[PDB]
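There are 2 protein chains.
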Amino acid sequence: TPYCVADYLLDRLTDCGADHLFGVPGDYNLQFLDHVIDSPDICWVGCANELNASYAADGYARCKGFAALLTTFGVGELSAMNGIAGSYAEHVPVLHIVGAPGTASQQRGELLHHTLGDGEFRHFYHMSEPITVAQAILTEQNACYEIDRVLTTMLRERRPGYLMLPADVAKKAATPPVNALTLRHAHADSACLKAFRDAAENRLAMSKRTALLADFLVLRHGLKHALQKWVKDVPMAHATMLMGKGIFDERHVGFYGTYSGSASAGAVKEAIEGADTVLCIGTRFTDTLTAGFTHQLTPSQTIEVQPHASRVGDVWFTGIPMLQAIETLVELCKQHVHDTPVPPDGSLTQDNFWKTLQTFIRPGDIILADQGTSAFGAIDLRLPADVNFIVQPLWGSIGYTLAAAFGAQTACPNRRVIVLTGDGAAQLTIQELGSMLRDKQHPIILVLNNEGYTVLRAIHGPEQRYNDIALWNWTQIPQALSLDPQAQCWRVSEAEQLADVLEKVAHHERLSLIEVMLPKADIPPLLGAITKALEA
Amino acid sequence: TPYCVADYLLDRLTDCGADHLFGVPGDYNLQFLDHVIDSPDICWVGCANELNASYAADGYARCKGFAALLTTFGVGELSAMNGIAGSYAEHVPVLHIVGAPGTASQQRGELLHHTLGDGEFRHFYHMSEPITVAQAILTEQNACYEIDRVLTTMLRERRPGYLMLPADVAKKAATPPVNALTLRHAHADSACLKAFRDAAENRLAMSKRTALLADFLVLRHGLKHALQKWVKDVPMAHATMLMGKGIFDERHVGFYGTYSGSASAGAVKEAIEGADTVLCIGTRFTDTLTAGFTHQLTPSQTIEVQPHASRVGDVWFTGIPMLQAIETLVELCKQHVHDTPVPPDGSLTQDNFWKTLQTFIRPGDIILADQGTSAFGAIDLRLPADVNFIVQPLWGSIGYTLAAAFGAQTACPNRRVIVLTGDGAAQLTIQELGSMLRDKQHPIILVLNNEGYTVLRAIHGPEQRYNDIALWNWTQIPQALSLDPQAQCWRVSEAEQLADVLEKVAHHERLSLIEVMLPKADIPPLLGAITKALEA
Ligand SMILES: Cc1ncc(C[n+]2csc(CCOP(=O)(O)OP(=O)(O)O)c2C)c(N)n1
Ligand SMILES: Cc1ncc(C[n+]2csc(CCOP(=O)(O)OP(=O)(O)O)c2C)c(N)n1
Ligand SMILES: O=C(O)C(=O)Cc1c[nH]c2ccccc12
Ligand SMILES: O=C(O)C(=O)Cc1c[nH]c2ccccc12
Ligand SMILES: [Mg+2]
Ligand SMILES: [Mg+2]
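These protein sequence lines map, in sequence, to chains B and A. PDB author numbering puts the first sequence at residues 3 to 345, 356 to 548. PDB author numbering puts the second sequence at residues 3 to 345, 356 to 548.
Accuracy of the hints is not assured; some may be wrong.
Each pair may be met inside one copy or between any two copies, as identical chains are not told apart.
As the list claims (entries may be wrong) - Pairs of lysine-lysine, DSS-like flavour, derived with a Cα cap of 27 Å:
#, residue 1, residue 2
1, 532, 452
2, 544, 173
3, 544, 174
4, 336, 234
The set of hints was computed from the structure by calculation and includes no laboratory data.
Input sequences plus hints: build the corresponding full structure.
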C-alpha cells in the first residue's frame, strides 16, 4: 500500500475541511474506496442513491465549509447532477469525485458499461462544466497539481469542483505534502481599495439613517462572525433575506424580521427600505427572496458588497475581496453611523403550527426547510443565537432537505437537527431516512402532510389532480426502512398535541417523525404574498 | 380553450404511440398540464421523483415503442438526466418535455428559481445535447415544425429527444394537423442495396453452416416479428445476447441458450461461434454481454446489420435501412442456407432460485431484471413465447428496474409483470412502489435480499463496508407507502417456500413483494465468468 494519488486526494480533501465522503460505490471506484476505508482522517458514508448523496454533501458543506461526493462513471455522476447544480447555484463547495475506467480502456474506446455505447468517455465531464467552477481529468502526468488547482478554486469561489479519477491513475505513486493546502485570502490593490473606501466614506458621510442587509454569501465565505460583530460595535437596523437567515441573532436589538420585499413585515419594510443608505452584503435578489422582485431598493440608496467586487451608487469597484470591503465598511460605520435602533390553539393550521414551533427552537439548532409551505413559513421564525438555518430557495429542488439533513447531522452529531419537509418533497428522497436510521441519527423530522403540493395548488389549479400525490403512511416509514428503528413517530392534528409531542422529543434521544396534519389550502403569509405578486 | 401549441404537442405525442405522460409538476409547467388533463388521448402519470419518471418512461417505451416525460426547468430535468442518458445508450425513444419560464422572463435574465443565479436559461439545454438525437427550444416562430422535427428524428433513430417549452409559447395559437405524424420508412439507393445483396449472397452461397445472432436493436426498430418469422421459415442455430433476450421463443428448435462469449453454455458456443457464417443483426458487443470481450467472431465469419449500414466481411455498405438489409438476408437465406437444427432444494441459493423461477414464467410475461445477480442470473431463463424481457446492461443503472416496471405495467395493464431487483438496486428508486400502489398495479416483485452489493463483493472487497447497505424491512414497505395497500408480502429462505409462494401469487391478484433471502457470496454462473475475465 504505497502512498499514491488516491491518498494525496484524501489528504488534500481533509485539509479543505471534509471528514466524510458521501456517495455510492461502483466497480470503477472500489479500489479508491479502499483508501477511503483505510484512511484515519476520512469516513466513508454510503448513501441510498447518488442524488441524495449530493444533497447530503451540500448540507454537510453548509455545516463544515466543504464536502465531497464520490460517484461512479456515468450512471453515478449523472444521477448527482441536480445536487451539484444546486450547490453551484447557492455557492456550496462540494467536490465531485467520479471513479472512471482505466485510461487504457478509455483510449481504446471500448464498449464499456455506464457509457453511451459510442466509445466516448468525456461526454459527462463536459456536461458538468456549467455547474462547476473548476474540473480536471486526472492523469499520471498532472494528478497532484490538478487536484490542488481544483480544490483551491473551490475554496476561493465557494462552489463545486469536479475530478475524474481513472482507476489506474488513482494507484500512481505520489508524495505526501509537507504543507497543508490553504488559500490565504488575497488583498486588493491599495489604490483600488482606497478608491472604494473614499467613495464609501463619502456616501456614508451624508447618510442620516443606515441599515444593513446581509445574506447567504457571507455565510459561504465564513463572514458570519464579522457581520455579527459589526452590528454589535455599530448598532443599526439589520435584516437578512430567506437564504441568509441565521447570520444574526434574531432576538437582538435592531432586528425586526426577515426581509422579503413587499411581503416583509411593516416594521421590516421601514427598517430596511426606509433607510436612506442600505448596506447590502452578499445579497442576491431572487424572485422568491423578493416576493416577485417587489423590493424597493435603488442604486443610489445602496452600497453592495459581492465576493470579488463592491459597488457604491452607480460605480463598481472590482478586485476587492469581500472581507476587505467589509472591514473597510466597519471602520466607516464606526466613523459615520450614530443611530440607536430603539425597538396554543386547537386544530392545526399553518398559523398555529409556526407559532408552536417558535417556542420549540433553541440555540444550537440546525433547522432545514424545503421549498413549499415549509420554507415559506419558516421565514417568520425568530431564530435564537447559534442557529444554522439551511434553505435552498434559489435552486429550489424539493427533496433536498431530508437528504441534506442526513449530511448536516453527519457533520454535527452533537447538535439538534430539525427537518421541516412537505409530504410531496419527502417522497423524492425518502430512502435517505434509512441512512439516518442505519447511522443512529436522532433528527426531529416534521412532515407537513397537507396531502399534495400545496404551493402548486395556490399557484394554479387547486383542484387539479396533478397537484395530488400518492398518500403515504408516514409514521410507518421508519419501521420499513430499518430492521430495528429506535424511532418514535406521531401523527398530530391538534396544536396542543403537537406542543406535547415537541416537549417529548426535545432532547432528541431518538429519531422522531412527526406527521403534521394541515389543511390542503392552508397558506403561510409569505406564499400568499408571492401568489399575489404573480398575478400579471 | 382554443387549440394551441400545448395541444399540438399532445396530438403529436399520441401519433407517435404514447397514451401516457410521466413526470413531476412544477410552476413552469402547470398550464401545460391543464391540457394533459383535458386531453382524451393522454393520461397524466405523476411520479414520485423525476429520475423514477424517466425510468418509467423508458420502460413504457420498451412496451409501446415511444414515451414522453415532463419535468420542470432545471431541478426537474437535471434529476432525469441519468434516465435520459440510459435511454440514449440503449436506443429508447423517450421524449423529454421541459416546462420553462416564459420567454420574456428569460430574455431579461431574471434571477428566477431553478436557475444558477446568473440569468442564463440555456445551460441545461446544452447539457442535454450529448444524450439526445434532436432537441429544440420552442418559440412562437418555430413551435410546430420544431416539434415535428424532433419527434421524427426520435422515430428515425429510436433515441430520446428534448423540447424546452416556455409557458408563454405553450399557449400560442396553433392548428390541428390533418395528417398524423408518420415516419414512412426510407429506402436504400437500389444500386447500394444491390451491392450489399451481391456481397452477402456470395458469402452465404459458400456458407456450410449458418447461424443467426440478433440483439436489442431488432427490438427498438420493431423487427422482432421479422426475426421470429425468419428463423421459422429458415431453421438454423440462433441466439441473442442479454440485451436482446426476448426476441426469440427460446423453446423453439435451433435455440440452445443466450450467447455471452466465453461464458456461454458449451452448446451455445458451438451453435453460434462454431458456424462458419454468423448473421449479427442489431448487435453491440459490450463488455457485460461478452463476459469481458471474450467473444470469438471474426470479420470474415460475420455479416453485420446495423440501423443505417451493414457489413459483409471487411466491407461496409452504408445508407441501407436495417429492415431492407434483413429482408435481403431473409430472401438469400431461403435460397442458400441448407440447414436443419434438429435438437426443488432446501436452503435458497442462486442456483435453485433461478431454477424455481424457470417453472413460474409463462407466455405473455413482462420480465425486468436489474444489474446485479438479478440480470446476471436471469440470462439463464428459457423464455417462452411473447415475453418482453427488459434489461439495461449497457447503461447499467441500478434502480432502473423497479421504476421501469411501473412504466411497463402502465403500458400493459393486462399483462403480468415480474420484477427481479436486488436489495441494493431497489433502494435507489423505492418511492415508485408507492406509485404502483396508488395506481392499483399488481406486479410480482422479487427482492433478492443478499444484504448488500454482492456483485461488487464478487468484483472487489467482499468484506469491505462500502459493499454493505442499510438493512430494510422489505415486507413492511407497501404498508408504509400506501394508506391501504392492495398487496401481499412474503419472506422466503427455502426453495420449497418460494415455489409455494409463487404458487399463491400466480394470477397477480394483487401486488406481490417476495423478499428472497440469499447468501452474501452466492453468484450466478455468468458473473463468475465475468469476474474471471476481469483478472487480466
Ligand atoms: C426536484 C423538484 N421537482 C419538482 C419541483 C417543483 N415543486 C416545487 S414546490 C412543489 C410542491 C411542494 O410540495 P410539498 O413538499 O408537499 O409542499 P407544501 O404542500 O407544503 O407546499 C413542487 C412539485 C421542485 N421544486 N424540485
Ligand atoms: C445508479 C448506479 N449507481 C451505482 C451503480 C454501481 N453498481 C452496479 S451493480 C451494484 C450492486 C448491485 O446491488 P444489488 O442490487 O443488491 O444486487 P446484487 O448483486 O446484490 O444481487 C452497484 C452499486 C450502478 N450500476 N448504478
Ligand atoms: O459500479 C458499477 O460500475 C456497476 O454498475 C456494477 C456493474 C453492473 N454491471 C457490471 C458489469 C461488469 C462489471 C461491473 C458491473
Ligand atoms: O414546481 C416548481 O416550479 C417549484 O419548484 C415550486 C416552487 C418553489 N419555490 C417557488 C417559488 C416561486 C414559484 C414556485 C416555487
Ligand atoms: Mg404538501
Ligand atoms: Mg444485493
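These are the hints, each one checked on the structure:
no. : hint      : result
1   : 532 / 452 : between (33 Å within a copy, 24 Å between copies)
2   : 544 / 173 : between (59 Å within a copy, 22 Å between copies)
3   : 544 / 174 : between (60 Å within a copy, 24 Å between copies)
4   : 336 / 234 : within (11 Å within a copy, 93 Å between copies)
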